[PDB]
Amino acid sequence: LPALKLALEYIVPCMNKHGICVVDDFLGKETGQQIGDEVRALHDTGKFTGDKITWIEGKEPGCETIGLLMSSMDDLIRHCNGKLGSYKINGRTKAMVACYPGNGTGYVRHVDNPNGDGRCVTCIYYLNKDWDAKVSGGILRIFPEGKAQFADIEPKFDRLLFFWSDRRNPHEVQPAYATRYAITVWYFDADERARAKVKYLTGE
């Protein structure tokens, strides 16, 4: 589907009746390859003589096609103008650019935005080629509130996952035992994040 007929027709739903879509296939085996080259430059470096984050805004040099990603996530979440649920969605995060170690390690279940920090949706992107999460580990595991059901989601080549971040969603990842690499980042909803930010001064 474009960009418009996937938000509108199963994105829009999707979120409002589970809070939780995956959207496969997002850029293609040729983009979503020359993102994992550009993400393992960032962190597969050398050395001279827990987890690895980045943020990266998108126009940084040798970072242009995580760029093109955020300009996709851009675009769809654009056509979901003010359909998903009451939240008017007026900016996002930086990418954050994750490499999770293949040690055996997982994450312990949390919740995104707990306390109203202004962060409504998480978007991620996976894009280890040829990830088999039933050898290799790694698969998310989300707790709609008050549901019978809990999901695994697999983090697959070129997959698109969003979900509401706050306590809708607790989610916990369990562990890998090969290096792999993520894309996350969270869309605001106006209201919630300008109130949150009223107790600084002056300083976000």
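Residue numbers count along the first chain shown, from 1. So that the term is clear: the rigid core is the largest set of C-alpha atoms that superpose within 1.5 Å between two forms. Compared with the form deposited in another entry:
- In a rigid core superposition between these two forms, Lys83 is the single residue of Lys83, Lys94, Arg78, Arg109 whose Cα is displaced by 2 Å or more.
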Contents of the next structure:
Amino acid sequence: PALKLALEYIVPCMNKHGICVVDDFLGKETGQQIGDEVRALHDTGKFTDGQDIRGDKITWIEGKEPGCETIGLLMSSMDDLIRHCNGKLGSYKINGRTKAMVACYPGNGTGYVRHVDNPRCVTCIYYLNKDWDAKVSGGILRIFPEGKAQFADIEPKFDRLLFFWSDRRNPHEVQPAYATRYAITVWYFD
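Mind giving me the form deposited in another entry, seeing as the form deposited in one PDB entry was just shown?
Coming up is the bare chain, nothing alongside it.
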């Protein structure tokens, strides 16, 4: 229930850590339906080059396109969490969000050099990779939260939702992927 997830977990977590992970966000059935939609997009060659900086291929999805209705459901689900966060007494307001950025790292040692997404703004990432073994497949998101002496390594696990502040508080990189690695990102801003 968004009301509870936002107010009891996401807000305090974002306040304390600036990074929040929610596993099993939508469940396996819905998650694999999104997986199947992303693969269909990928199989038709609709992804364009995300660019020495990044090896990903991407497409932007509004959520109402034929074949994209479950991706639209994911977006509505993220929207509701953000709405409950920004509706808290004393909170700043979000005025917009991007379309869904569907991204594929097509193995072959592709990754993303360390960067800052927006050098407020929140990055929301939903991962789609079932039984991902990072030891063999790579693709770890390494994040450097401000204030911590350690970095955090986040596996791009199926049905995992990740929030983090998009600004210089959270530089991050995608370590090289050696298997096809899928994710969907939405940025919430202003």
